[PDB]
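Below, in structure tokens: the form deposited without its partner chain, a single chain.
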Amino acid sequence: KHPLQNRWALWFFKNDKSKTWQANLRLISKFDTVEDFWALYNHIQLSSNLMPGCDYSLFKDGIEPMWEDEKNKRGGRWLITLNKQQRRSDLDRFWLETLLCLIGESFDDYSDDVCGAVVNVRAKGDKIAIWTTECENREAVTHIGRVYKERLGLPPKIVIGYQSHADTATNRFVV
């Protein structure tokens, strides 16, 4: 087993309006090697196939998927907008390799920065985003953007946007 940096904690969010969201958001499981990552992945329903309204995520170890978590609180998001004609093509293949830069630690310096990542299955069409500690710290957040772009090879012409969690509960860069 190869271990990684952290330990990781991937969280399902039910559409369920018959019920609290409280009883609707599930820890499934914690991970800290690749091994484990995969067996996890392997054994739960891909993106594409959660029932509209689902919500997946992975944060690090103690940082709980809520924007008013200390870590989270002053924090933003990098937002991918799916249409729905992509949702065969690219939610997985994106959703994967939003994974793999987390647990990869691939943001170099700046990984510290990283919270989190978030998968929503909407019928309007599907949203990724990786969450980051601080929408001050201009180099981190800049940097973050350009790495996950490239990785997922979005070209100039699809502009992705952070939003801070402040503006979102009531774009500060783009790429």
Second form
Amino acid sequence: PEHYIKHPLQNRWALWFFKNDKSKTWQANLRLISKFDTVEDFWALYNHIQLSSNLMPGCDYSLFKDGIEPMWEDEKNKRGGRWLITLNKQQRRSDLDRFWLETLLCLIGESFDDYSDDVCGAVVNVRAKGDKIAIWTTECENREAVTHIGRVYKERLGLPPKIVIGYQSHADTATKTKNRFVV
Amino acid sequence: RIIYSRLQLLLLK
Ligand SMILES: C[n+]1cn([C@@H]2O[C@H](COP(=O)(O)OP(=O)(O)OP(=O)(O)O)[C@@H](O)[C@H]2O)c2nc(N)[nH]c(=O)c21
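Let's compare: the form deposited without its partner chain is above, so bring in the form solved in complex with its partner chain.
Once more the chain from above appears, this time first in line as the rest of the complex follows.
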């Protein structure tokens, strides 16, 4: 195999940044950082930007398929939901960056086999109360696809069987949250 | 579909 060709990704992805320093409306604080559709370009971007652990509390990164905005209101997210990884304060140091990188690799590598098309993106929230990472999927009622994605993710993060993770619909998250599924 | 294992992605860094 020749080596002058970049390694294309199945999807083009968009990286977004959030910091609550521009507007009192949530959506106006989102910044598109960049888009990429090869492995080499992914790494160029990843190597240029801060580790999640070095961001100020209140910031997010989001990696979404190009065409899907990183918000509940997108056509591909409104009926969807997320698998949620909740981290304690000490895990900012031990696990946040490695879990986020593994999440990015899961996404860009199409690691969910028959159900990769149900994946919309992923979000990391750096927060003083405890950081969160999540994979967002398009349809909270597809039990088979959602459960499969969760099991892949748990395996890729190396979480043991006694650590249970939960899936919440965005419709439930947005209302004033219960798990629809656990793995 | 274009799939990459974890190893493949890291080698290409
Ligand atoms: C992901 N998202 C977050 N927000 C707003 O940002 C707030 C914080 O949502 P957050 O997901 O950033 O979590 P945080 O840990 O800061 O607080 P919590 O999850 O509410 O406990 C939400 O309550 C919404 O007001 C959102 N507002 C809209 N309209 N759409 C979105 O997709 C969206």
